[PDB]
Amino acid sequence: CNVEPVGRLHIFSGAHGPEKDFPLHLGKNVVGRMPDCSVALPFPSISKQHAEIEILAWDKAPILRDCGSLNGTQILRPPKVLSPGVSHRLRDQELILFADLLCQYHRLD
């Protein structure tokens, strides 16, 4: 895990456990239930391959795609339910729901 991060995915305290920060790197970051996933969230409502955060460069904005999850990926401000495979550019500090889990993307400095 020596890959230099360019983003941060923050999970807020809930029922699933305490707050937590996940590093995001260049190229693709797979969000999923599986311990091997770049963002591993071992909660049964999260799909094995749930979503993909793709980051191409720094001055850019990441692309989030849902990978056909059972329980969906939503953005919140304004609300929208993401359709499987459709590229969505994340603004810094964007709020994201994977299933019931509320996450926030952060671009590093």
Second form
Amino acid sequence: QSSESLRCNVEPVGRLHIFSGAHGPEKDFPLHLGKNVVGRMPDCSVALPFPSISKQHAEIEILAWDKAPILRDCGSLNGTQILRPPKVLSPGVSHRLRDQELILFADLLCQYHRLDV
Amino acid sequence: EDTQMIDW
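Hand over the structure of the form solved in complex with its partner chain; the form solved without its partner chain is what we had up.
Whole complex next, starting from this chain.
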């Protein structure tokens, strides 16, 4: 009778690793098909409840397990930084993520992984 | 709460 027992619960298609730092120890977050919101809010797929992370910081959209995730910043206060090539990602502008790609949300360094590597 | 600014 549970809500989740009715549904097709789709397995994770990727992983976001967060490196250890002033905010705490390393952590892995499962990423799913669709919109993975990165943000401070408790409901976010990648919930990073640090005061420097925007309530809705960024979004990693995964359309297919054979297509590159699409990263975009949601007009976060402290920005989203990519390194391919290095630059602050302007709100709305999509960035396709490669396996092992490194990104910063505010001062939190993260690395995206496929699951077939 | 409001997002904190990072000081550099």
